[PDB]
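Before any questions on how it binds or moves, here is one chain, the form deposited without the named molecule, in structure tokens.
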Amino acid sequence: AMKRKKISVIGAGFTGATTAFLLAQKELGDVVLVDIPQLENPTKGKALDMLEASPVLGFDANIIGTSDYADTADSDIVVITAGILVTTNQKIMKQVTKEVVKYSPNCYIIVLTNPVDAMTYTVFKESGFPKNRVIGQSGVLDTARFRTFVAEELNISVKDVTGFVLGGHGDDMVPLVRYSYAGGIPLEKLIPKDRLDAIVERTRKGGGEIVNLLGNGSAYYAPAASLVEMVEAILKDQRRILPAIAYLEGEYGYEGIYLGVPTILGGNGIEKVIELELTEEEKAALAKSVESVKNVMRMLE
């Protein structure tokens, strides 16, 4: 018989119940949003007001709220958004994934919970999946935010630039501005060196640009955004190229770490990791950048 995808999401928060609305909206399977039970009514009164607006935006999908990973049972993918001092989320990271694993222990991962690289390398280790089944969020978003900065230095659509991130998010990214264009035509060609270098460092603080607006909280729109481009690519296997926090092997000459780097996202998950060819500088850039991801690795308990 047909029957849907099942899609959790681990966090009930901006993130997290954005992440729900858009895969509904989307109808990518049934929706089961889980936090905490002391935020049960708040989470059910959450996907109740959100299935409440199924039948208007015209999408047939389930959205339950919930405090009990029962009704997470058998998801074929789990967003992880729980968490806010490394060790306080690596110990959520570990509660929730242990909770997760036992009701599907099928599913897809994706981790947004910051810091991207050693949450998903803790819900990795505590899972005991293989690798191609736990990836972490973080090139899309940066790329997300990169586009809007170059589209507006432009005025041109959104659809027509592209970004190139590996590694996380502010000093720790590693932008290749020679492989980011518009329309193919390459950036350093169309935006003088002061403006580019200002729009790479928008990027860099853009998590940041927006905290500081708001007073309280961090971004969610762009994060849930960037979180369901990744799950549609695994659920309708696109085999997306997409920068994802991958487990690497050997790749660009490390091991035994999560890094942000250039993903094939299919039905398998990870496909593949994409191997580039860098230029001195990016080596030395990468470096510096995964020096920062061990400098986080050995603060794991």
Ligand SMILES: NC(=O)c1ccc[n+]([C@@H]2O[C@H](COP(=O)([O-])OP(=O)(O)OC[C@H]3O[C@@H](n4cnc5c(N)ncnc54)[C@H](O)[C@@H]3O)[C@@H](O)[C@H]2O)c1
Second form
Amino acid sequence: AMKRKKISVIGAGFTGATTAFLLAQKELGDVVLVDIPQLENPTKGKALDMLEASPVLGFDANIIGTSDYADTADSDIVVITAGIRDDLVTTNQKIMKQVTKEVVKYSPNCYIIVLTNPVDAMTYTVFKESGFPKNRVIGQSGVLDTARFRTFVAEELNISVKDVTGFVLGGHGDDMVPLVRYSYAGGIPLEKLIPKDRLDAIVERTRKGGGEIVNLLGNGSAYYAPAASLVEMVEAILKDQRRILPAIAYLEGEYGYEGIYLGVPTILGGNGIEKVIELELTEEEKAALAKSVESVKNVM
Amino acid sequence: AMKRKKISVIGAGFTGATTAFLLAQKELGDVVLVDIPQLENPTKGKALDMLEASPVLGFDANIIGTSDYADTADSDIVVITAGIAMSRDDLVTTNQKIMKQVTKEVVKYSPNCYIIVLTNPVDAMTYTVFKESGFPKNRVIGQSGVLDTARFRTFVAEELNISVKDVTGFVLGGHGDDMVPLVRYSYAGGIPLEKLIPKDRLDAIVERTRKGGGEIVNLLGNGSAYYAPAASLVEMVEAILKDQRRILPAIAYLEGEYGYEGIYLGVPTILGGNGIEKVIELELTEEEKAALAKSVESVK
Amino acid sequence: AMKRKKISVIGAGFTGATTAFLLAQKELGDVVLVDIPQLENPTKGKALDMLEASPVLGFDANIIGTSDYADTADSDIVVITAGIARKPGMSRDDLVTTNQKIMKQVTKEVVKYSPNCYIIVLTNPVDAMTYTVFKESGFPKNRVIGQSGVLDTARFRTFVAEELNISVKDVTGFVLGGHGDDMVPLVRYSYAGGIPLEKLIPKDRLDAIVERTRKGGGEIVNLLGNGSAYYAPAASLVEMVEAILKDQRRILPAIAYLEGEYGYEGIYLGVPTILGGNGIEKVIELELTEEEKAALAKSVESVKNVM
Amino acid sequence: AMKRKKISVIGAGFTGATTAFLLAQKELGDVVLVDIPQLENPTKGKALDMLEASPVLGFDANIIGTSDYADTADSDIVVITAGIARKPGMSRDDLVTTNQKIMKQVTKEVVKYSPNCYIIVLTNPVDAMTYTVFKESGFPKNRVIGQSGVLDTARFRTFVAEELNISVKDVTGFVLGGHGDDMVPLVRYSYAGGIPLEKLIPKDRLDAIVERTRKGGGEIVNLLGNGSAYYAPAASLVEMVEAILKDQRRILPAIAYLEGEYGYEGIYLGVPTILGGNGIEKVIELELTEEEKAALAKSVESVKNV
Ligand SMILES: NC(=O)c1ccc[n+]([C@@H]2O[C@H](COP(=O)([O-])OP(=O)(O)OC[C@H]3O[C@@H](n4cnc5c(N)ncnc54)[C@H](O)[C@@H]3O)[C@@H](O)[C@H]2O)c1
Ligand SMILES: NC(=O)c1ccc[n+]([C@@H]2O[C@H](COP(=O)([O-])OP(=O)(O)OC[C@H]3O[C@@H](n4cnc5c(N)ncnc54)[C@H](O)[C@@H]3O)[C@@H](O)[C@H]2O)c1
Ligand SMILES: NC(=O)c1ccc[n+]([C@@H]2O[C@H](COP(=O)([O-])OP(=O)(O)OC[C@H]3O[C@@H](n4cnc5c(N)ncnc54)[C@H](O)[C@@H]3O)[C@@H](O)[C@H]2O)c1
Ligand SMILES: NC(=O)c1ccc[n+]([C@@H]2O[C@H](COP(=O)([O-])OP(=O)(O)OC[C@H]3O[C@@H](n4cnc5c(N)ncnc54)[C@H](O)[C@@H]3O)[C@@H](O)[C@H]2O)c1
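Could you give the coordinates for the form deposited with the named molecule bound, as opposed to the form deposited without the named molecule above?
Entire complex below, previous chain first.
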């Protein structure tokens, strides 16, 4: 029988909830929205509120809220947005291990997309607790950074964001390794369209993208763009699209590094990470990536 | 020259934010997201988060947060979510002045717009906006029945295990005990629900629709519903921006219809290019006629 | 190992090519467009043309054209649009004789390479042709389904939308039985915004609307001069394919095998169904008037000649 | 009153009908299919067939068929897909002559009933057909545009995606000038997820992809036996229509009137443009290698000699 895909969203906060509503509107499958027992009810009300939109927007998806991982059984994809500095890492690292053990009990065959910061190490933890091969455990970072990058380049030139491309290796902030030489408008290199000063500010504003939103909102981090980035990565897997997207992936040789997670260009498909793509980098880029890999080792 | 539609959403909270993002997703137009000067930053931060999701989801729309009503200039549509956050006469009276204040800058900066009001009690608020605006009846509308039908349809769909797409609901009047549902004009794929769902189980679905708001409030712990209410507003914006001539329930101004006059009541409407194109009058029975009188009398 | 749904469309004529392009645009799966060997090159031309549209419309679907049924192996759904139209002056029996044969030859190769698929049949007359597919396939009944009422209700909703000047989204039609004289409309289960149409449209013009619905297929044939309708038919097939692939449990009129329903046994009839992941989940049994039971008994007399 | 956008599609054939159906499905506006008086019943038949799909696919649109240009009044956009039925003994030069005459007759009737429209031309040869539409219309240059480059880039992107086994969403092509031998691809400005294709695909296979792109229209003609491509050309048209009606400011290749751009004056040429609510907002001018200037110079010597 034809069965709907099943997506469990672990963490029913701003990000997990926006992600669930997006997945449901796109009819990508049934969504189980999961939080802690003391937020069980709020999670049931967000779910039921999303579901009550379905007649009007006109989508067929079941959306339920729960604190019982038995309800995530035989999930196809699990999105870990479950969050609460070296103490924070150790708290989130404790969560990741509690969550992952429940997840792979009930869904031994699922694919895991991790949003939890620092996503470099939060994913490594999932990967090691899960016991799953590296293709099945992925983290989000590069898509959000390229999303902010394209938005700034788009207002600068007064053109559709659809015709802007960014390229990002590494993590957020100072871990971020932009390749503005692989960044284009209409396929024209940006370095030919934006004077040096205005362009390096757009690169800086991308580095300070996540904080610019944390500053404006006052309480909590971004959720709209981050939810979009997870959905693009979910869609790439469920629909076996073989998208080329930057993701947090486990290296076993690529770019010289081994045994770590890092933001690299991948092919996202029905087998999860089909390939980590190896580019020829400049010495300036390899050096900026070596510094980034030093802050990934910094969170052991 | 072809110009985008401009939509301004007054109230950048839970409901207006969700409304703005849905409108942008569907490329219905440009969105200005409007709150009060002390919240101008977290508003600009929601608007920018949303706009940053545009590259990832593939929509061309601009979204700006403001506290300056000059930015809402030449709006095609204004949507009022401006809500207060205390007696039952306190919220009404406070919301009434908000409505007045908001409508005043709106009809100065966008003289020719259409207005859709969500702020509860919508029958009272929509009246205020209508009075302060000096616009004809067709150009000022509240949201209520779409959200009630959406709840009804969700519960019927679960009861029958069928798609929400093939469930109809029919409601006059407003929320709570002011709701006048006609189950006899409600169907699963054109089949009346009286013939498909027993008397007892159909009575409880209707009671659950009366208490639908409250059920989310209770589960949410703090604050009311937004996903389904945002969805309900976008359906009404779409019917107007695209001149669809939908038959939708809407809070409209009566002048002979159902025997009442000089009130805003939940009625079936043709919603099109001229907002309310016609108020539809059915042949009501006495137990429904009386139920509407008790609904008219409860809106005072 | 998340893999695309695979949909095979049999017949690369206007209805099958239109269907293929809609399925690919909606990313419902990978599409295999099949036709006879002599039309192999045209079939690949159409498929490659549709596929070259994918970067522009921004869908990820494979489309291929073939005359090799091995290319349809392990289809989740197979849509049959192969067969001839009833030419003016052609007898109904000649239409059935020719299409009966194509349905046996097509089903043979379909089930040879996709023993587990769902089958949706467009070929006319659809109760007779869906029955032939069922009996040839050896499939259980929930897996072999014909299109009829969706297309009849689509034309009905279009005419009524025009008469009342409202969106088609807010019109409901309701039809049992087949096309033409075989259609059994329930105007009393037909509404505008849930208001009965008998209360809104006077008797003469509503009767005209019902009669135009019966004649709708012939109206497009008369206007085209060269063949039959394809856009609305293709749309109707895609709505049924979606209901199944995405397990939607839609309530849709379908041509379904009855085993007691409506008091008929061992026939395909046009009835309200719930459509989902297991195909026909349920035939919905209605209480009909005696006029309705009679019109349905005349409609039945045309799959009885195929039993 | 909020009013629907209105689109007239001149020629209700394979490309015209395919385009009309995509425009209605997407809800970009009401659609008027126009053809010759003898083909008015076929045109109403397609229009009515499409409209009867609306309740099933869930779109609200008016679609009609006509032989009468009054039904096209106050169109926001006219798409020209009109061209003469290729008879057996039709001279290449006879065909271009007939079509040149169709463009003038069509354009005179269009600008009388829609003096404010934006016009997109598909009819081959599109550089010469679009110039003929421009000069008959009396409109300024930003409001008469040709389709060519989008279709070539669609075919290129399809073949690169096949070659690398990746999504077509993540492949980009760059093409100046016309179809076939007149095409000037810039593979150096062509990528897979931002990566130059020259680093991904060996030169012999990438040369062959380019050659398949030049030949891509004829590849479909050969397989079909009668007639030419219609699904990708319709899609290509609709992307350009959508970039105008929704003021998107897309960067797309279009057959655009040049007054100095690339050092040419008073010609239509395939060039990267910005496409928005005022039609062609900007012709984009690239720094070309002497080889690319020379390939383009040779491409312009085609546009003048037809
Ligand atoms: N990858 C990125 O670029 C990116 C961007 C934005 C957000 N983030 C990160 O995503 C995380 C969540 O963001 P948010 O705004 O949605 O946060 P939030 O605090 O609003 O929501 C987090 C949720 O996690 C839940 N949770 C905690 N422990 C749990 C457990 N054991 N089981 C189940 N649920 C549990 C909480 O109940 C809470 O509702 C944060 O770590 C944030 O920094 C990363
Ligand atoms: N029709 C329905 O059934 C329905 C459903 C849910 C919400 N609502 C109503 O809609 C309103 C908004 O609800 P919410 O959940 O978005 O609440 P919210 O408090 O999150 O949003 C209200 C926002 O309005 C802003 N605001 C107040 N006065 C303003 C003014 N004069 N100008 C501009 N902004 C102003 C506030 O600062 C706040 O951000 C409330 O009245 C709520 O009860 C109606
Ligand atoms: N329910 C309705 O009202 C409705 C609507 C329109 C068409 N139809 C049915 O659909 C059929 C096709 O419609 P169309 O407009 O595409 O006609 P068409 O003539 O364009 O298409 C029929 C195709 O079937 C192919 N075919 C024949 N035998 C075959 C075989 N053994 N294997 C594979 N392909 C084979 C033909 O080569 C042709 O390409 C009609 O004959 C009719 O029975 C039903
Ligand atoms: N890249 C491109 O720009 C591109 C690609 C493919 C098609 N084309 C061209 O598009 C044109 C249409 O191709 P098609 O396959 O749709 O052809 P078609 O023969 O199917 O349709 C052309 C239609 O134009 C109609 N027509 C003829 N004269 C007319 C007039 N005076 N007024 C109105 N309508 C008139 C015809 O009756 C016919 O129905 C051809 O010139 C073709 O070469 C160009």
